[PDB]
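J.: Dock chains B and C with the ligand against chain A, hints included.
Spelled out from the first residue to the last, the chains are:
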Amino acid sequence: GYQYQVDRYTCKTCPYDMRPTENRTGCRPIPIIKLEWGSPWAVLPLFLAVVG
Amino acid sequence: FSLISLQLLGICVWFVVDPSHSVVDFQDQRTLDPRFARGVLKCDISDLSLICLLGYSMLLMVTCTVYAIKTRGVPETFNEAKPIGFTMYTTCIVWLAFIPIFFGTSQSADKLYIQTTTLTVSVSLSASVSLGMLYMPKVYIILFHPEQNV
Amino acid sequence: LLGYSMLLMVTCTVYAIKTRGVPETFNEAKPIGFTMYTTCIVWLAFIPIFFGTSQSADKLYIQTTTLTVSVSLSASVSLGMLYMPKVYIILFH
Ligand SMILES: O=C(Nc1cccc(Cl)c1)c1ccccn1
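Residue numbers (the authors' numbering), protein chains in the order written: chain A, 547 to 598; chain B, 704 to 853; chain C, 756 to 848.
Bound-form chain A, shown alone:
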């Protein structure tokens, strides 16, 4: 699963950033963020900051 089938002859290794697509045939990166402003595991620091 670390490689994507670029051609029917053999699978090809994808770059360090992208991960293989669900139905093979290439790979596309999916960006992520540092929790953004979401509720999970951010309410506690935000509260201890605002009340402080």
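Heads up, a few of these hints could be off.
Straight-line Cα separation of at most 20 Å, SDA-like style, residue types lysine to any residue; simulated pairs [what the hints assert, rightly or not]:
#1 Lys785/B / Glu779/C
#2 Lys785/C / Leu837/B
#3 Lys814/B / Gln810/C
#4 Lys580/A / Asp747/B
No wet-lab data here; the hints were simulated from the structure.
T.: This is chains B and C with the ligand only, laid out in the frame that chain A set:
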């Protein structure tokens, strides 16, 4: 300000030798076998730099504690010795609680969710302990008991 | 064992709250309250490690040491706040 500059020089030195890369390529953790969730985002703030900062803070805390226990003979008007030692110990406890959770979750998921959150929580807890149990008794005496203010 | 330790400690610090207010004759009252407060801080800081270090690379090498350090600190606060002033007074005379 001289004490601040003593660490500001080191901050500048570390900034120069080790610039803030802020690389988005934080793919060190990679669950590529399921190929479902992968990737991470984090600043380049180093664990060694954090350790150096905490060491400087702990040294300052030790000097504060030795000073507090040296100046214990001051009367009750300026007796800022027991609260200061208590605050030093509370900050030490907070940082000693921060160390295991921060330095143990290395080869595990949600490393960004754990490390940054626990670091900022520890910083906020130390600041809250210091501010509250340093000044809040005084504010209480001032504006809740207007009789000892003279 | 941890829960029974916190139970004994909670009764101890509850008796310490009612202790607060006694005259200066009882020398070992305010130090007792301070020791209870320090133990309160230590055991309140211990729990985040307890429910935070789980599901990590080292689930065994940190759980057996965090409790050990907490126990050592809970002994050290009592030692320092109940015998260090006694030792200092002894050194005076
Ligand atoms: O876990 C703690 N302190 C620590 C710090 C570094 C390494 C290790 Cl083994 C332990 C701790 C501190 C305070 C209260 C409860 N627990």
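J.: Decide, hint by hint, whether the structure agrees.
T.: Quick rundown of the hints versus the structure:
1. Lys785/B / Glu779/C: holds (17 Å)
2. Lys785/C / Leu837/B: At roughly 19 Å apart (the allowed maximum being 20 Å), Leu837/B and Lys785/C satisfy the hint.
3. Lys814/B / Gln810/C: OK: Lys814/B and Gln810/C at ~11 Å, within 20 Å.
4. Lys580/A / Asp747/B: holds (13 Å)
Of the numbered hints given earlier, the model fails none.
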